[PDB]
Each structure stands twice: as C-alpha cells, then as structure tokens.
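S.K.: So you can see what is in the structure, the chains are spelled out below.
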Amino acid sequence: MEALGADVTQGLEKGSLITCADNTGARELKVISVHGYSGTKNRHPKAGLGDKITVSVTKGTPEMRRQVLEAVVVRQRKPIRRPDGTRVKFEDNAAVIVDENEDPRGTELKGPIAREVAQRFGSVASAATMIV
Amino acid sequence: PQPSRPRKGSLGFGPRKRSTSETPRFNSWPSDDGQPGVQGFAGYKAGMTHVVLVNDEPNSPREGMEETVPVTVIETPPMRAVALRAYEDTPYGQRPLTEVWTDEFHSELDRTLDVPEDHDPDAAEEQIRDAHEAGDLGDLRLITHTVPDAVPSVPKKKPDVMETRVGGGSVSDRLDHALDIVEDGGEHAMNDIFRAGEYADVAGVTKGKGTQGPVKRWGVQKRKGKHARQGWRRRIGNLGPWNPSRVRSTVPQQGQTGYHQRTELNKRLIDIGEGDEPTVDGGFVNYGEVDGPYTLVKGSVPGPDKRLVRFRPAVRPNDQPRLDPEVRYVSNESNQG
Amino acid sequence: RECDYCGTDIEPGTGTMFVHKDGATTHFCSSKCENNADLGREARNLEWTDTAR
RNA sequence: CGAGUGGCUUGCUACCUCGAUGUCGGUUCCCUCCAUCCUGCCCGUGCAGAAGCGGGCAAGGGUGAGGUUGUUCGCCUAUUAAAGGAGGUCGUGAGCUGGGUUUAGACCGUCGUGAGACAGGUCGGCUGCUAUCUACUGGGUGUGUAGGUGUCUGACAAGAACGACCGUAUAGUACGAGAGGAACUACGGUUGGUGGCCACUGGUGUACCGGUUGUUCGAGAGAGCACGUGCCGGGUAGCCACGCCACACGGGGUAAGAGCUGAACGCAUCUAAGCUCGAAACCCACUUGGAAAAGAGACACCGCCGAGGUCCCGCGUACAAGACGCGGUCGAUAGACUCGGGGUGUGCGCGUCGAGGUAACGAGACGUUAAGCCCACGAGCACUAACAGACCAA
RNA sequence: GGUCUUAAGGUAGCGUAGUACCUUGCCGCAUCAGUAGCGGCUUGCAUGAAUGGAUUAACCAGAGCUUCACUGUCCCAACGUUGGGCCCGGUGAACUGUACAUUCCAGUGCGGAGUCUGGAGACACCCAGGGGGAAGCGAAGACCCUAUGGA
RNA sequence: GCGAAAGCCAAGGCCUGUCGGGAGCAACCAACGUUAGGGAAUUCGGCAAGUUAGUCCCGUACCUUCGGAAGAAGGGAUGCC
Ligand SMILES: C=C[C@]1(C)C[C@@H](OC(=O)CSCCN(CC)CC)[C@]2(C)[C@H](C)CC[C@]3(CCC(=O)[C@H]32)[C@@H](C)[C@@H]1O
Ligand SMILES: [Cl-]
Ligand SMILES: [Cl-]
Ligand SMILES: [Mg+2]
Ligand SMILES: [Mg+2]
Ligand SMILES: [Mg+2]
Ligand SMILES: [Mg+2]
Ligand SMILES: [Mg+2]
Ligand SMILES: [Mg+2]
Ligand SMILES: [Mg+2]
Ligand SMILES: [Mg+2]
Ligand SMILES: [Mg+2]
Ligand SMILES: [Mg+2]
Ligand SMILES: [Mg+2]
Ligand SMILES: [Mg+2]
Ligand SMILES: [Mg+2]
Ligand SMILES: [Mg+2]
Ligand SMILES: [Mg+2]
Ligand SMILES: [Mg+2]
Ligand SMILES: [Mg+2]
Ligand SMILES: [Mg+2]
Ligand SMILES: [Mg+2]
Ligand code: NA
Ligand code: NA
Ligand code: NA
Ligand code: NA
Ligand code: NA
Ligand code: NA
Ligand code: NA
Ligand code: NA
Ligand code: NA
Ligand code: NA
Ligand code: NA
Ligand code: NA
Ligand code: NA
Ligand code: NA
Ligand code: NA
Ligand SMILES: [Sr+2]
Ligand SMILES: [Sr+2]
Ligand SMILES: [Sr+2]
Ligand SMILES: [Sr+2]
Ligand SMILES: [Sr+2]
Ligand SMILES: [Sr+2]
Ligand SMILES: [Sr+2]
Ligand SMILES: [Sr+2]
Ligand SMILES: [Sr+2]
Ligand SMILES: [Sr+2]
Ligand SMILES: [Sr+2]
Ligand SMILES: [Sr+2]
Ligand SMILES: [Sr+2]
Ligand SMILES: [Sr+2]
Ligand SMILES: [Sr+2]
Ligand SMILES: [Sr+2]
Ligand SMILES: [Sr+2]
Ligand SMILES: [Sr+2]
Ligand SMILES: [Sr+2]
Ligand SMILES: [Sr+2]
Ligand SMILES: [Sr+2]
Ligand SMILES: [Sr+2]
Ligand SMILES: [Sr+2]
Ligand SMILES: [Sr+2]
Ligand SMILES: [Sr+2]
Ligand SMILES: [Sr+2]
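Sequence order for the protein chains is K, B and U.
Final position of the first sequence in the authors' numbering is 132; the numbers increase by one with none missing.
Final position of the second sequence in the authors' numbering is 337; the numbers increase by one with none missing.
Final position of the third sequence in the authors' numbering is 56; the numbers increase by one with none missing.
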C-alpha cells in the first residue's frame, strides 16, 4: 500500500475487541484478519493503525450484528511514530466500517482520527470530524 | 502437518566464537573508479544522540521537511600512514613482497611495535618498481595506525595498527600517491577520504556478552505453556533425530555470544566536524566529553563505547549520493534522563 | 515547543503526544509526567513542576 | 487393454529383537526428497485484453492464524503470493505433554446360568537414572611447524542473507463493440527472515527518593520486622524489543526455451561440429571462519645475552576456570574530595495560621526550603592505592 | 400377517442417552468458523418401570458447555530476587565396566555396525554444556504363544 | 482483631532445621517479583497464575420440598483530628 508517513507498533491482534467509530449501528467490532498480511509459525496476526482489517460485529443492532464487514483501523492505544520523532497515542482503539471502493458505510464518524489515515483512505478523511 | 518456519538464527556468521583481533580486518575493498586515494578510515565509538535533518531524497514526498534521525557519535582523530606494502601475483594468490617505512615516528608507537632504527626504503621501493615493470604487482596497501592518545576518553595509548588499500587510478600513479603521503609523516584526517552525506561501511567487533543460551543466542522459543513448568524453560526440544546418530553443527546450542566481527553495510555519514557540537550534557555515558575531530554515523554501530571501528566507501550502495545534508539541529540533552 | 503539563522546554525528537476522548491534545516531556496526570495530581499543586515555580 | 517406478497406505511373510529397541496424537529442533502449492524463466490454447486452463525447466526461499474433535485424517472461517506433499526407528518421552490406546476402581448397553466377556460407550487412574564413551556447541593447555613483535595471505569452510507482496507513475493508456483492462521502467512502503545497536518510545531496575498501614525501641527524631521490597508512587546506569539502524546491482556458465551459420540428405533443419541468448536455480559478487594448509605460508622490523614474554600491581571495551584487553609515576587505572549531569519531590528544628477546646491538647497548612536524601555516568584533582621486587628467554 | 416359537409380545414415561451402530443423525440456538454444549424431532443397531422409570429444591476437591471479570496461558519474550550452578579449602560416596575404542558417509552382515568392506576425515590433553548415538543405564517382558505350569 | 486468626513483641529458648571461602555472581535449573499493547489467540481442558476479598448501608431474580436460593446479582461507604 501507499506509505503512512509514520512507523506503527501493531497494537491489535486477531480476536481483538475494538470500537466502531461511526453511526452504522455497530458499537463493538472484533478483528478477524488483516488485509494483505501473512505471518509466521506461532504468531497472532497483528493489526495496526491504518490497516484495512476484516471484522465481525460483536455488539449492536439486530440487523447489523453477526455480519462480516471490512473496516479501517482509525485509532489505537499503542504509540505510533511521526517523522519528527514524536510518539502519538490515542484514548481507545477504534475503527470505521468501509465498503468495496473503501468508502465509509456511515455518514458521521465519532471521535478523532490520525493524519496518516487521511493519505490512504481519503474518502474517510473527507467525512472526518477531528484530525490529529 | 507440522507448519513451516525458517531456522532459528543465521548460519552465515559462523562459527560463533570469540574474535582474534579486536581491531576489525576487512576482506573486501572497493572497485577502482577515479582519483587515487586511501580506501578507509578508523575511529573510536563515543555514543548516541539524535539530529534533525532536511530530507535529501528527491523520490520522497518529504523533500524539504524536518526529519529526526538517530546518530552514533564516533570520534575520528587523524591517523598516520606509517608504511606502504606490495603484493606479488603468485599462483597461490597475493603474497606480500616488501614494505617502505618512515623516519618520523610517534613517541608512543613503541608500545605495540618494534620500531625500525635502520631501514632501507630506497632499494625496497626499487623492488616494487621492478615487480611493476615485470607485470606481477598486485594491489598496493598502506600500513595505517591510530593515535588513541588523541582521544582523552580512551585509556588506551597503545596504537591499533591495521592495513588499508589504495586504489582509484592506474597502478603507476597510485604507487606514487601512496609514497607521497608516507614521506611527509602520513598525517590524514577523515576529510581526506570521506565527504559528508556519503555511504560508508562500518566494521566492528560487537559487545561482549559471554556465554549465553539458545534463546538469546539463536533466538529460539522459550518452552511454552505446560512445557515451561516441568523443569525445562530455556532448553530446546532435541539435538537431532535418531538417524543421523550425531548432533549437527546447525542445531541451536549454547556458547559464546558477542565479541564477533561484523561489517555493517551502507552507513550514511551525516556530518564530519570538529569541536564540541555533538557532546552530551554530563558527558557521554561510560565514555566522557567529546571535544575534537569526529564523525556522525546514522543509526547504530557495532561494538561498545570505547571500541575501535573502521570505515570504508560502500562496496554495495543502493541509493545515489546526496552529499552534505542540511543539519539543522544536533541534540545536546543528557542521556541520564 | 513547550510542554502542555510541566512547562518544560521539550527537546525536539523526544516525546509523546496523548490525544483525548473529545479530541484535545497533551504533550509530555518525559514518562514521569504522563504517569502523574493519570494519578490525578495537578501540575500547579506539585512543587517540582516548572508551572508552579 | 498393456508396460512399469515408488516404498507414503493396506495386506502377506515370520528373517531380526521376549535376561524389555517405551505407544498414538501433539510439541520443540535439525538435515533431506520432488512426484512443484506460491515465487523465477519458458511451451500450447477452445491465447484480443484481463483473470484462467494444460505442459516444460527448477528444491533458493516460502507454504501462516484460527472453530469442532485426543485425533493422524477431515469438515469449517477469515486472511495469503500460496497457505504443496513426503523421508529421517510411521525423525524426536536418558526433551516435553499424557488428551487417545492398554492395568488394578465404577457405570450403561449387548451376551453369558455364572465367574465374566466386548477390536461397544463412559468417569477416575504414575512418566525412574549424578553421563564412562562417542557426537556437536562454545572455552583452555601442550606438542609439531623451528628467538620476538606487528601486519597479511587463502587452500578450504558456512550463508538465504536475503525471500515476498502492496501501492504510485506508466494509464483509464496498449487491447476490446463495450464491459472491462494489462506491460517494460522508475519510484515509495509492508511482511517474513537475518545481523547489530539503545539518542528516542517502552520494559525492568528487592540502586535510590517518597507516601502509608501493624508493631516494637517511652513520645519525637530516627530505625528493625511484615520472604527474602509490608504495600502503594516515581524511577537513573545497565540489559532489553514492543524501539532504532543496515541486509544489491551487475557480471560468468546453463536448464526448459527462442534462435543464427550448417551438413550428413544439392533442399530443408537450432545440432551432428560451431555460435548468440535464456531461470528466484549454479559459479562469482558480499558477509563469517580460516597457518595444523605435514607443501605445516608471505612481508616489515627487532633481538640471539638480551628482543620479547610471564609473575606481580590498578582495573575492564573481557569474563563460568582458563582466556582476552587496557593502564602501572615520562602515569588519571581505581578510590576519596569538588564540580557537572541525573533520581526523588520540598529535610530535621523553629515561625505564623488551624476545626475547635476553659486550659492542656491539636490532624493539618504556609514559610524557612528547586529544599533534604540518593546515584552503577562524566569532568577536575596525583590526596590514597598502581609500590617493592621475582622469573623465564634464542 | 391383517397368528408362530417359548408364557406374554414394551403400557407411563424417557429417548441419538454415561445406552444409538449408522453418526460430525436433521432442525434450531451460539461462534467469523462449534465432531463440543443446550433445546426440539427420534422408526430406540440393542431405552423403560424397585434388573426400578420419570422429576427435582438443596448438597458436591464428581464429568461436559457458555458469558461477565482477570491475567505473561499465548502473541514474545525482557529485567530483577534468593538458593544452587562456576573457582578455592575440607569431606567424600554410587550407578556402570568382554575387550579394543578420534569418528563420519555408504555398503555388507541374522534384514537396525565406533570395531566387517570401501572411502572420507582424524595432532594430544583438559573446562563448561545441552543430551543425537552407544538399538545408553535400570528390570531373566506384565503383552503374546508355549508348559500334559501355579492360584 | 470476631478470633486460641495474621503481623509485630515479651517471659523463656536459640543462632545445632550445624561445613565454609570467592566471582555484579555467565549459561542452565528451583522458588519468585514487575512486564508496554492485545486478552485464552495458549491447551484435551484457563493446567498455572490471577481476579474478588474484612465491616456497614441500599438492594437481590428464576425456582423451591417453603427450609432454601442468598453473601445471588448489582450500587454506595470505609483514614486522621
Ligand atoms: C511393554 C513393552 C514396551 C514398554 C512397549 C511395547 O509395547 C507393547 O509391548 C504392547 S503392550 C504395552 C503396554 N505394556 C505395559 C507398558 C503392557 C504390558 C513396544 C511398543 C512394542 C509393542 C514391543 C517391544 C517394546 C520395545 C520396542 C517397542 O516399541 C516396545 C517393548 C519391549 C517395550 O518394553
Ligand atoms: Cl487470520
Ligand atoms: Cl515448548
Ligand atoms: Mg501452533
Ligand atoms: Mg537515557
Ligand atoms: Mg528523558
Ligand atoms: Mg522372558
Ligand atoms: Mg534406544
Ligand atoms: Mg520434474
Ligand atoms: Mg533445500
Ligand atoms: Mg515416530
Ligand atoms: Mg530421544
Ligand atoms: Mg521417559
Ligand atoms: Mg477422551
Ligand atoms: Mg482417560
Ligand atoms: Mg535423567
Ligand atoms: Mg445430540
Ligand atoms: Mg452428553
Ligand atoms: Mg494375562
Ligand atoms: Mg488351575
Ligand atoms: Mg502485558
Ligand atoms: Mg491450537
Ligand atoms: Na526438574
Ligand atoms: Na528415541
Ligand atoms: Na516397484
Ligand atoms: Na511394509
Ligand atoms: Na510424538
Ligand atoms: Na524449494
Ligand atoms: Na486441526
Ligand atoms: Na521408536
Ligand atoms: Na510421544
Ligand atoms: Na515419560
Ligand atoms: Na542469467
Ligand atoms: Na430390557
Ligand atoms: Na464431602
Ligand atoms: Na512472569
Ligand atoms: Na546423548
Ligand atoms: Sr513429522
Ligand atoms: Sr585487513
Ligand atoms: Sr576472506
Ligand atoms: Sr513433569
Ligand atoms: Sr546408526
Ligand atoms: Sr528432478
Ligand atoms: Sr508458477
Ligand atoms: Sr498412523
Ligand atoms: Sr473421519
Ligand atoms: Sr491418558
Ligand atoms: Sr473394571
Ligand atoms: Sr474398548
Ligand atoms: Sr611427531
Ligand atoms: Sr498498477
Ligand atoms: Sr471502467
Ligand atoms: Sr526487610
Ligand atoms: Sr538449446
Ligand atoms: Sr605454521
Ligand atoms: Sr412406544
Ligand atoms: Sr551435564
Ligand atoms: Sr527474648
Ligand atoms: Sr558441625
Ligand atoms: Sr516500578
Ligand atoms: Sr478456549
Ligand atoms: Sr482453542
Ligand atoms: Sr461490592
């Protein structure tokens, strides 16, 4: 993929319960896979900020629950590294649901986003509230 | 069906034993391009600090922006090229012929060497020119040496001597270039061979870690789960199968870790300067105050603070030279925080 | 830049930027200060901070 | 229908072991095979492109994470370039696990007059040993080569030291009615593997500073104890990974293959002689080892009555013994003292306030006080200790 | 089949069960995914009435499953603590020993060789190690068959 | 302190659960502490470890043989002067 412009330390795993930062009716999301990643023997597939991940809805509305939808990691708790050497970390680990053409499933996204996710998934950025 | 996995540790840096010379010994030297000169310098490691730069790469979208880059501070005081050596092309490889020595030596060079009192440079030089005329002269290298007494933070005064190749021009014009440095006193700084912004190769003997186990040494798995409580924690599954009824040298075992010679490739020189610009507040940890000739090497460098490191123009570079970077800020903050 | 907690002159290429729930931004010069905030201690009330003196 | 190769399944035999060669499945760790799942280069096509289909060369590298089940096998989910298969006593229990099989206990179903049975199910049900030899990983001491120091060489040896994907431009271009939609090349990043390093982020830090609970030394101050820190907070050096740095291009010869000149065979023909090209594969490149290479190496210097080393002394860039490295007064090697740089977070005592209370008494706050206490780093400083002196040796 | 054997010929319930072979039965719940677990169906290889059947509050170091919470169980390993481990004094055993024995790659042999054949390799001694090999040590196999054996 | 509970301390007994010396003291093992992010992905199985925790107040479901369930659950409080 296109460079992030920052070094991440993968703060999530497969089976990790993260938040759904949108209005889709999805509250809690559970990571299943990390698009394009191939691991090694005996390693939980790690996910980081700005990764298109395959997800399943844990908590939410009856019509949205039990669905296997794709999403992008918007926020994470583990510090990421900006070029100027500064580290950045968020309050929680969150993601927004996305479609085939990488457009957000909702309209309004909750909480702050990172400026690195903007370059890659711009259709999510031109729908973002706050950008840090 | 037993999932695949690459073997633990590399099998190229073998055998993992203690090094013979703490002083790195190169086995490969650069190709001959233009101007005749020495193919390498050497210094003593000092410590680390970060430096802010301006992105020199025209392929990067960050071209022009401030970027923080880590830098290894290495003091590089002027060396003395005390001699010149020649190799004859024998069917057994490249065997040495003769050496051309000086007159003016260093007051404390007799701490390692048996300093010559009566030498004949003239007729030895004649033998090299007759071997050149014959067409059997190989590569010409200079016996270089360091001045540890120039570094106040290093307790060693006993000079580290090492051989360094000269190349670039025709075999005739480089033999003469070498002889010219020698007749003066052999004084040469880093400015003579290296320009800032260039990619060099730092060779050094690593930090001494003593005898360490398989997990640390070859990065093998610690015993997992239930298998960790039965009395086996950091010991491997087995030494091999039934047949071959012998333990292979490829199986991760215990032994000596560290004090191995490594040749760390493509190291960018960020700045070559003199004075107290890279020094730290409170001095460098387990080293001391840097004031004088130095080099700023990007990233890390093999060996501990006080050990001798060696430089060479990159034998295998990937990126095109981006000379003299705009070094905006160099940190001075204490490494005791 | 200056620290959003202690008021200490942060060395560039050294530091952590903590983003808040709402979206606010706090910078810390070292780990010492990050931990002091999570404890519930205030910079003005603690004598050692460059904010107090 | 016919001809075979393999030794992974099953079956047959009963050669080997009954004075015991420990089971299955799993695990960990190592070498290998090719009958190739991916990656490289190719041939054909029901080859427009695109995504395929089928075949050839090829074992360098890769071939992952999970749900049920003891399972091997298998069914299933999502990622992937792909998530290949097999051998090594169905690799591996003087390595592990002990879920399954296969003890003594018990239940159910079937059979049995009955004890009891079952290639039916089920619950519970143990894992010994101080390594002699050899093997390999690392570490020393002698001998040989035949006085010492420093620098090298390179017979050989090891490597995957690199593999792989994604994205950008090429380009909405070639191609195609359209839908749809590439390449050569130049770039950026990601993953797996590899080696090194710690400025930064993080971890640790029973150094250290602080708060505080019980109790004991009368209170105070200051201390012990509470598992080898009572607990809670912060945490330097160091070591670390979750942090950071670096890990080609190109050549040379081939394979399958595309071809050129070309005859036997007047033509034709890539092949028989000859030649130009062509794989991630082979050699080189690169990295590491490497004078014990018995052809037991080369150069420079120094010395053979003195070169050099050993002991000794002060210590680490070293360290399980040994080894190694530096310094030893022509000296800063270690300690003390002083700075500097750091940790903690405001000392004991006294002073003011203090809910109150007749007073005694008073938890506490402010000031004195970036205070006090502390430091595995650095600088300065010969004050202390590197003194005195032994031995070997052409 | 719409009696026959041998007396009768499975009623209440319960049911793919600790009993069901087929079987990972089919439907459903739950999970991304569930040979598991729970519910329903159930022709039950071969459930079933004191050989007791069914139900159950409470009880249980009894077997199975799911959720919340927690965590170094794992992703993936790091630093630290104490007693060892390593060196010095003293004390001072044993298991095991046909002989020789520096091995390795193949082969051969009673078909599982350090010792045979052919090669390769190999200077001697010593320290620490983790245990690949000696079909390692330990036990005249408990399995299996045999004996005109025992209980 | 509910306590013949823990922890600390007397009276009393002892330093004889009777070998020592040295190395920041390595690997490796036994007990064990703290580990960022994730949180059972480990494994036959949460095995191991962990979490909760005393006392007071509010509050407490299905079911039930009316005894119980139940300390269900859940929520608040807790020192010193
Ligand atoms: C018991 C012998 C065991 C330990 C295991 C044995 O397996 C059996 O003999 C089958 S019965 C196994 C269980 N045994 C108790 C351990 C029942 C008496 C098994 C696997 C074989 C089948 C017979 C030969 C063998 C040695 C070689 C081997 O594989 C062993 C014997 C000599 C070994 O001692
Ligand atoms: Cl996955
Ligand atoms: Cl294990
Ligand atoms: Mg696994
Ligand atoms: Mg620091
Ligand atoms: Mg800091
Ligand atoms: Mg017998
Ligand atoms: Mg055996
Ligand atoms: Mg083939
Ligand atoms: Mg191979
Ligand atoms: Mg086996
Ligand atoms: Mg074994
Ligand atoms: Mg055993
Ligand atoms: Mg079972
Ligand atoms: Mg069982
Ligand atoms: Mg044993
Ligand atoms: Mg069922
Ligand atoms: Mg059941
Ligand atoms: Mg029997
Ligand atoms: Mg009888
Ligand atoms: Mg953690
Ligand atoms: Mg598993
Ligand atoms: Na044990
Ligand atoms: Na075995
Ligand atoms: Na055959
Ligand atoms: Na067979
Ligand atoms: Na096994
Ligand atoms: Na291969
Ligand atoms: Na499986
Ligand atoms: Na076996
Ligand atoms: Na086993
Ligand atoms: Na066992
Ligand atoms: Na080629
Ligand atoms: Na019956
Ligand atoms: Na009981
Ligand atoms: Na732990
Ligand atoms: Na062994
Ligand atoms: Sr196997
Ligand atoms: Sr050299
Ligand atoms: Sr070499
Ligand atoms: Sr055990
Ligand atoms: Sr064998
Ligand atoms: Sr082949
Ligand atoms: Sr292919
Ligand atoms: Sr089998
Ligand atoms: Sr099956
Ligand atoms: Sr069992
Ligand atoms: Sr029984
Ligand atoms: Sr059975
Ligand atoms: Sr001899
Ligand atoms: Sr493209
Ligand atoms: Sr289109
Ligand atoms: Sr104590
Ligand atoms: Sr050809
Ligand atoms: Sr020699
Ligand atoms: Sr009926
Ligand atoms: Sr041992
Ligand atoms: Sr007493
Ligand atoms: Sr005694
Ligand atoms: Sr701490
Ligand atoms: Sr589980
Ligand atoms: Sr599982
Ligand atoms: Sr409560």
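Because the hints were derived from the structure by calculation, they are not lab data.
Check the hints yourself; a few may be wrong.
[Claimed, not checked] If you want the ones that stay clear, here's a sample from chain K, every Cβ over 12 Å from chain B, calculated:
no.: 1; residue: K14
no.: 2; residue: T40
no.: 3; residue: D84
no.: 4; residue: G85
[Stated by the list, open to error] Computed Cβ-Cβ distance ranges for the label pairs, DEER-style:
no.: 5; chain 1: U; residue 1: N48; chain 2: B; residue 2: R316; range: 56 to 64 Å
no.: 6; chain 1: U; residue 1: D41; chain 2: B; residue 2: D319; range: 19 to 27 Å
no.: 7; chain 1: U; residue 1: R4; chain 2: B; residue 2: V161; range: 30 to 38 Å
no.: 8; chain 1: U; residue 1: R4; chain 2: B; residue 2: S172; range: 40 to 48 Å
no.: 9; chain 1: K; residue 1: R43; chain 2: B; residue 2: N332; range: 20 to 28 Å
no.: 10; chain 1: K; residue 1: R43; chain 2: B; residue 2: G292; range: 41 to 49 Å
no.: 11; chain 1: U; residue 1: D12; chain 2: B; residue 2: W232; range: 51 to 59 Å
no.: 12; chain 1: B; residue 1: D276; chain 2: U; residue 2: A27; range: 18 to 26 Å
no.: 13; chain 1: B; residue 1: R316; chain 2: U; residue 2: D12; range: 28 to 36 Å
no.: 14; chain 1: K; residue 1: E100; chain 2: B; residue 2: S60; range: 54 to 62 Å
no.: 15; chain 1: B; residue 1: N332; chain 2: K; residue 2: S123; range: 44 to 52 Å
no.: 16; chain 1: K; residue 1: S123; chain 2: B; residue 2: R248; range: 51 to 59 Å
no.: 17; chain 1: K; residue 1: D7; chain 2: B; residue 2: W101; range: 29 to 37 Å
[Unchecked claim] List time: in silico DSSO-like cross-link candidates among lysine-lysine, alpha-carbon distance up to 30 Å:
no.: 18; chain 1: B; residue 1: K216; chain 2: B; residue 2: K158
no.: 19; chain 1: B; residue 1: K158; chain 2: K; residue 2: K41
no.: 20; chain 1: B; residue 1: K224; chain 2: B; residue 2: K157
no.: 21; chain 1: K; residue 1: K14; chain 2: K; residue 2: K30
no.: 22; chain 1: B; residue 1: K298; chain 2: U; residue 2: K24
no.: 23; chain 1: B; residue 1: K157; chain 2: B; residue 2: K8
no.: 24; chain 1: K; residue 1: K30; chain 2: U; residue 2: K35
no.: 25; chain 1: K; residue 1: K14; chain 2: B; residue 2: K207
no.: 26; chain 1: K; residue 1: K46; chain 2: K; residue 2: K110
no.: 27; chain 1: U; residue 1: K35; chain 2: K; residue 2: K52
no.: 28; chain 1: B; residue 1: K8; chain 2: K; residue 2: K78
no.: 29; chain 1: B; residue 1: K306; chain 2: K; residue 2: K46
no.: 30; chain 1: K; residue 1: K59; chain 2: U; residue 2: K24
no.: 31; chain 1: K; residue 1: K14; chain 2: B; residue 2: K224
no.: 32; chain 1: K; residue 1: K110; chain 2: K; residue 2: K14
For each residue, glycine too, the CB sits at the ideal point set by N, CA and C.
S.K.: Each hint: holds or not?
M.R.: Quick rundown of the hints versus the structure:
1. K14: Given a closest Cβ separation of 16 Å, the condition holds.
2. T40: The claim breaks: K:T40 does not keep its Cβ more than 12 Å from every Cβ of chain B (closest is about 6 Å).
3. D84: With a cut-off of 12 Å, K:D84 comes too close to chain B, as the shortest Cβ separation is near 5 Å.
4. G85: 3 Å, violated
5. U:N48 <-> B:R316: 56 to 64 Å: 59 Å, holds
6. U:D41 <-> B:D319: 19 to 27 Å: 43 Å, violated
7. U:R4 <-> B:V161: 30 to 38 Å: This hint is violated: roughly 49 Å between Cβ atoms.
8. U:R4 <-> B:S172: 40 to 48 Å: The hint (40 to 48 Å, Cβ to Cβ) is violated, given that U:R4 and B:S172 are roughly 59 Å apart.
9. K:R43 <-> B:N332: 20 to 28 Å: 41 Å, violated
10. K:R43 <-> B:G292: 41 to 49 Å: Roughly 48 Å apart at Cβ, these two residues keep to the hinted range, so it holds.
11. U:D12 <-> B:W232: 51 to 59 Å: The hinted range 51 to 59 Å holds for U:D12 and B:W232, with Cβ atoms some 52 Å apart.
12. B:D276 <-> U:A27: 18 to 26 Å: 41 Å, violated
13. B:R316 <-> U:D12: 28 to 36 Å: 43 Å, violated
14. K:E100 <-> B:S60: 54 to 62 Å: 31 Å, violated
15. B:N332 <-> K:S123: 44 to 52 Å: Check passed, 45 Å falls within 44 to 52 Å.
16. K:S123 <-> B:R248: 51 to 59 Å: The hinted range 51 to 59 Å holds for K:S123 and B:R248, with Cβ atoms some 55 Å apart.
17. K:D7 <-> B:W101: 29 to 37 Å: 52 Å, violated
18. B:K216 <-> B:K158: Given that 30 Å is the threshold and the Cα spacing comes to 34 Å, the pair is violated.
19. B:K158 <-> K:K41: At roughly 50 Å apart (the allowed maximum being 30 Å), K:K41 and B:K158 break the hint.
20. B:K224 <-> B:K157: 50 Å, violated
21. K:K14 <-> K:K30: 8 Å, holds
22. B:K298 <-> U:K24: 38 Å, violated
23. B:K157 <-> B:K8: 41 Å, violated
24. K:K30 <-> U:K35: At roughly 34 Å apart (the allowed maximum being 30 Å), U:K35 and K:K30 break the hint.
25. K:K14 <-> B:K207: Roughly 38 Å between the alpha carbons, so the hint for K:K14 and B:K207 is violated.
26. K:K46 <-> K:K110: 24 Å, holds
27. U:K35 <-> K:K52: Outside the cut-off at roughly 35 Å; violated.
28. B:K8 <-> K:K78: 28 Å, holds
29. B:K306 <-> K:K46: 39 Å, violated
30. K:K59 <-> U:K24: 20 Å, holds
31. K:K14 <-> B:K224: 20 Å, holds
32. K:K110 <-> K:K14: 23 Å, holds
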